[PDB]
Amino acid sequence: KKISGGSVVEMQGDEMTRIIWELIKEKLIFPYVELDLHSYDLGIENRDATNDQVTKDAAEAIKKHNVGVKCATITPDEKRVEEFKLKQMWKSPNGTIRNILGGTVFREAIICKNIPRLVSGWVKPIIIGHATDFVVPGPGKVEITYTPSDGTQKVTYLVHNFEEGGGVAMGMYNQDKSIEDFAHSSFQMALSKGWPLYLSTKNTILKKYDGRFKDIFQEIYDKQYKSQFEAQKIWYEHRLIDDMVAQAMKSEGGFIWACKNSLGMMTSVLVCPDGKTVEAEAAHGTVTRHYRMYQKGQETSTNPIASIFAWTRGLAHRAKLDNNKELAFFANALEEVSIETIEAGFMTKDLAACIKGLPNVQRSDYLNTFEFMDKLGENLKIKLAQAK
């Protein structure tokens, strides 16, 4: 008998990831989990036919039901408008979704013990979370002004006085509200993983701009989170970007990195500040190149791990909201069986290339896209059997 997963918003996408997405649902999710599924087709053809209305509806459904899992989508350009005869150059669905929900995007590289990283010392993964420009034609003043909405005196800052020749200039901003949300998402993400949190800035150069980030982070930590943080042996603390880069390379991993300023193993999750609404997806795109080969009837070897972890992160958050222990265990089992299958030597060509070097990869070093999905399916069914 299957697990009652509850309410989940699902978004179908394009090209190669759309194929893999269906394989994930039919081979790894649906055989074990029943969902109250709010499905929205964000494939490029259906967004065009609905005048992108489906994208707004899917975002609204995430706001209402708190859990969304999204397949990679085509962001249109001139060639895409030509390829599909689009009515418009529709805005990227992720841009539309982020504006409606807000929050912070956190990305995490899944680590397999037999797949090399940048540094071998990285044993645990980490989670990293994250303008008006114009040309100055010639000599003149560039100023940035603040006009208070209550009529009090305007304030003018000289950006630069070009006395000989021109150049460029730009202005940037950040609302307090968005810094607060950034902090709230970062604290809640660190708690949800039991990991310490670091915020990096350059508040020594940008003493007012980056200083506002460092200040607001400490204020919200001290009042709302410091007591829950050591209640879980963790902490939060601010670094200058120079210190944190050095600390991260000498580190083993397992920390959240709020940064102010192989693709098949990159996850993304949009964490809203309320701690309730999350949207998970792969950090890569629709893999058009493999999709062309798939269209010509040729063999593909596309890495589905990042797409699988979109589902597992969403289902893990759903289970946390609903206190669904069976679903929470299932989400973990699906992640572990994914890592273990690769660590046992069964992987797609991209990962085999990371080990042997692309010029020396042979066909017997990897599985094609369909062979790998079947290997995961068989291993998943064995694992869940051994858990009863």
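Definition used throughout: the rigid core is the maximal C-alpha set that superposes within 1.5 Å between two forms. Numbering follows the first chain given and starts at 1. Compared with the form deposited in another entry:
When the two forms are overlaid on the rigid core, CA displacement between the two forms of 2 Å or more is confined, within 285, 253, 275, 171, to 171. For residue 147, a C-alpha deviation of 2 angstroms or more is recorded between the two forms after rigid-core alignment.
In this overlay on the rigid core, residue 138 has a C-alpha that sits 2 Å or more away from its partner position between the two forms. Core-superposed comparison between the two forms: the Cα of residue 113 travels less than 2 Å.
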Given for the second form:
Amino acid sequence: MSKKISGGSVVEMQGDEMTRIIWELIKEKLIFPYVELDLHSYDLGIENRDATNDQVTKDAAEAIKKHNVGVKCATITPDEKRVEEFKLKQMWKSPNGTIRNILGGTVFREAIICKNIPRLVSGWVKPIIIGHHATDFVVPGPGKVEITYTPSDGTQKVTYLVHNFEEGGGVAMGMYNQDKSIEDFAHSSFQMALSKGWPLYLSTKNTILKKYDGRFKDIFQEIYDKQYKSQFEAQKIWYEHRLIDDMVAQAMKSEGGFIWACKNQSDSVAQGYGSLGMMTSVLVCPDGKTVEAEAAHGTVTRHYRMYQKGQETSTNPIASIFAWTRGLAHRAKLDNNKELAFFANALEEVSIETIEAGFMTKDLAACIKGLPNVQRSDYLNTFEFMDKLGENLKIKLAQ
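Starting from the form deposited in one PDB entry shown above, please give the structure in the form deposited in another entry.
One chain, no partners, no other molecules: that is all that follows.
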């Protein structure tokens, strides 16, 4: 009489402040009632990180590498103010940084689209997934600036002229990129495309940077033809290179539903549009097995201060919920678990349908009709909305 799904091995990381409260509600109301998990829980709360000297963060990373699926709640990155607040032993490095450094791979951002919530481009009815991949100095006066390559094998040194400053000074800088980095970026991008069953596009400026950006185009094409092209044709999808100039135009005339590898912020645009609560951030390792899913937003400290004073809050849980669904969706693919695959999709649909039915948090109401025009009847508080998702999920899974 359990009735629940066998989810398998999932690494879970608890976080800080407002997201921590929402994270517990998601597990209690949306996940645990329907899914049984071999759950590897790690508390990346600031207090426990301080208590363990950030050893919990390193253990969490090694656990993700072993079990292949990670879902992470937003965490506090210590600054000077945070050290004084919690009396921290040290100004600990960003947990995200530590995890990224150990796992590696490419970060991919995906917005959640609802038909009753406006978009930057109204034509975009399906999400677009964006994947992102120096020594500068002042030239005091006239002189020759050159960039030189000295081979490790002790063969002849090669020299290239950057610019000869004949009158006056200016600035100069050198950039670089290793082949291994570009290969990893390509693999991750192809893995993501097959995982989602959408076509992939790489954008560069290879007309201008014929060698530098040319290397990106070449390495992508080589790896595609030799390893991935057959698997893409099997799912009726494709990979193509585009010039950034053409890609922007094509992307905006498109209706979305494709992967975009970008050689070059996505967050700033989301902040400007006020849609941080509706964007997820998945780290995809190039091995094709390991994945770490989380919200693109932080711990929402401002909202937490109101919660601490016992005031009503309306914090958007969709980004946090979709971190779970993307993680479980990947678990389902690795294990060929069609029951879990269905649940992951079902929860995503319930979430969108609930907002499309008119039930949403304050940020979404403000997005529709502007923040000044929002009244209390236009939206639900953090707990009311989670309850409404809970009721709608029970009905969908019963059907």
